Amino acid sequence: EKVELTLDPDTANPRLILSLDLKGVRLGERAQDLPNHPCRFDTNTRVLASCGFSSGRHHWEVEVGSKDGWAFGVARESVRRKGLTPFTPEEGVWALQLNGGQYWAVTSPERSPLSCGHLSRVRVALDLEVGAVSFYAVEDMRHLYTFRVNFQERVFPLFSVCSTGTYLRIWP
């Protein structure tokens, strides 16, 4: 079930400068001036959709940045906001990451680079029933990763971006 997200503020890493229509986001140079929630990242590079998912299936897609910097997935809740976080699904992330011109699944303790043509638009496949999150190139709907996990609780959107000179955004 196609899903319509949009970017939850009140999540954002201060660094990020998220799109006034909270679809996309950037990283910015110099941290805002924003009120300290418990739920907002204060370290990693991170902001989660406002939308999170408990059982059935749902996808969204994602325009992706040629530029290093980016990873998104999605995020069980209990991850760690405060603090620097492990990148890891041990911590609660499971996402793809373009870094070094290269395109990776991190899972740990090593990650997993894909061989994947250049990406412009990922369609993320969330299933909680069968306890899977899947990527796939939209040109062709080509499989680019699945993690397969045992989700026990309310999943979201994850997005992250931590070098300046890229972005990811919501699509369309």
Given for the second form:
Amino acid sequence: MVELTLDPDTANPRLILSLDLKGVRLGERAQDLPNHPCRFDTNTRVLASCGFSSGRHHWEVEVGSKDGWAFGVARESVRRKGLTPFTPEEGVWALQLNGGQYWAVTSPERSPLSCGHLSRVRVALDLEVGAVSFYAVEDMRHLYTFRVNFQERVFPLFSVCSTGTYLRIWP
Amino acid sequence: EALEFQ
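Same protein, different state: after the form solved without the partner chain, show the form deposited with the partner chain bound.
Below is the whole assembly, all chains and molecules, this chain first.
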């Protein structure tokens, strides 16, 4: 378990980060925010402040019951400026609620999971093995592993592209 | 369009 926080200088301005920087969900308005070259200008994305070069690292994620959220990890080099496809070629290995269904966001086609209703999810990042893995805390059922030859710093990633849903880091 | 912003 890692105590991760959200990097408000990466966040889309349409996002609303919780006081403690653990929560995120879409607002209905852009905000005046000092556009860095590191901020996600168009896609509804925010990384964690802390990224990883080496080792195993766990975070847990409380997810909504309604569509809008994807999350997982992204390589540091993930493009920030412009509309960017949400795919492994673009440096993004994620889980997704969309049409009331859980998907590993693979390409060319997305992979549907036949997992049960999800509430909280453990994210296992193994850089020394070259994999990011997703488990339901509810019994540590394995949801999906992406096998990836990471060749750089890898950051926790969160996207919320509809109102009515959210993601919360635990702990 | 909403999902295009993921």
